[PDB]
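A.B. asks: Single-letter residue listing:
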Amino acid sequence: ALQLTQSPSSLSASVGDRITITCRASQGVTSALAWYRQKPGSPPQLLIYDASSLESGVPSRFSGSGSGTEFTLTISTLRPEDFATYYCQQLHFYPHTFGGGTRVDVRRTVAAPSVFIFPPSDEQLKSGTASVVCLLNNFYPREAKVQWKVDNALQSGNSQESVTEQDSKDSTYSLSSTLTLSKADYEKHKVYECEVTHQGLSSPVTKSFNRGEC
Amino acid sequence: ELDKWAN
Amino acid sequence: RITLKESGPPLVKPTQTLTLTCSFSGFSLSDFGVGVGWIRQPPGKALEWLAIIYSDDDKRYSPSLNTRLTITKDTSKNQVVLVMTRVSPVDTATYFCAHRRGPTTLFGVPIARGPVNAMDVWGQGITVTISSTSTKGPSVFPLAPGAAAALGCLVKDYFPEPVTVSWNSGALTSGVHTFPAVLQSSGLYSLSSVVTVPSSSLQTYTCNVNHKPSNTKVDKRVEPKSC
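Residue numbers (the authors' numbering), protein chains in the order written: chain A, 1 to 214; chain C, 1 to 7; chain B, 1 to 35, 35A to 35B, 36 to 82, 82A to 82C, 83 to 100, 100A to 100N, 101 to 126, 133 to 189, 192 to 216.
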């Protein structure tokens, strides 16, 4: 079906800035496009309907323009409540698609993550499972990539990660990634590595340990 | 297909 | 003033049928051209359109979910119901219903269709978790190690949410990061809580974990291993 691509997917800014988010459709949607702002923990809120009409009760710093395949939302003077995720929605064709969203967060300077790797506890091992956790602490911007390697084999499909919300004092994020293996598989290898790529790191940093080394 | 209100 | 609110079960098991109700006030589903739609949002993901129904009773569904969705209205009760069959874990999401305006009319004559291009009022959303799990307390394991040091606790295999974690009975707050839990393929949640301290403080560190649902409290002191 019809594709709606938002740009940028993520954007950093400060109070008082002017930002503009754009949304492009794969086929023309005339003026049937709406913009929403969604704050964490809340439902999306309508800002602009029919590509450019200002929704009632919505502050005038919000503006929408465009028609056909290209639309833009601009917030002229960013206020603290605007640090949020914005979405565009097309209503010309069924299904009524939403774009991928664009996260707007507090800009701060670039900060590389402090990385730490934790081996599984002997207590967990006795239960038959092995969790290897990797921590990326206080970094910025939000995008980071974690790659698990076991005896140099690239791992896939056996890890999960979660990211904290932007810190209100730091403006940094932290990320936890868990590699999970059976105790048996765990025992069949030695080098457990967490490879981290991030804008603040000249090149990828790797933190690792050799299993059972004591 | 087209929305309920499309021309 | 238009308001909508979603209701239904917070927890549902795979293969089961999920029935969600949207009760609203401020408009009638008998008003001209009005619509009520459903949109969902898996944790951390984008919004996904599901279906919509209009006052003249036309219904439309997401093509990807068409076979599992039924939307219906009960005009006299001011409710719209969405029934999803055969749910699976990927259906865990926050589900929202929303109002869609019909064209503006002048002396009962449609003159403006621009107002239909948006879903203008949304309900708070209802969180639905799909898991075959039974209530279960977490196993708590230690996570042990600019020149900052890190340690923590891995709160593993519990259900359902939530769990609370604090450090040193609430006295340790700076440098603490408790991550949002991930729902494992097993249907149980898992989360880590860590804390960063000056590589010298290694002071004592104990995580206090509490999963109300299963009456499971655990305090786990964590230290820099090696005996």
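Derived by calculation from the structure, the hints in this document are not laboratory data. You may find that some hints are simply not true.
[What the hints assert, rightly or not] Chain B residues, not near chain C, derived (Cβ > 10 Å throughout):
#: 1; residue: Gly33
#: 2; residue: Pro98
#: 3; residue: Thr108
[Unchecked claim] Selected chain A positions facing chain C (in silico; Cβ < 8 Å):
#: 4; residue: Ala32
#: 5; residue: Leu91
#: 6; residue: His92
#: 7; residue: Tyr94
#: 8; residue: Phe209
Cβ coordinates follow ideal geometry from the N, Cα and C atoms, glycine included.
A.B. asks: The structure should be examined with respect to each hint, and the outcome stated for every one.
C.D. replies: To see whether the hints hold, each was checked on the structure:
no.: 1; hint: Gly33; in the structure: 8 Å, violated
no.: 2; hint: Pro98; in the structure: 7 Å, violated
no.: 3; hint: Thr108; in the structure: 29 Å, holds
no.: 4; hint: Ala32; in the structure: 6 Å, holds
no.: 5; hint: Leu91; in the structure: 5 Å, holds
no.: 6; hint: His92; in the structure: 5 Å, holds
no.: 7; hint: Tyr94; in the structure: 6 Å, holds
no.: 8; hint: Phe209; in the structure: 57 Å, violated
The structure is inconsistent with the numbered hints 1, 2 and 8, although it conforms to all the rest.
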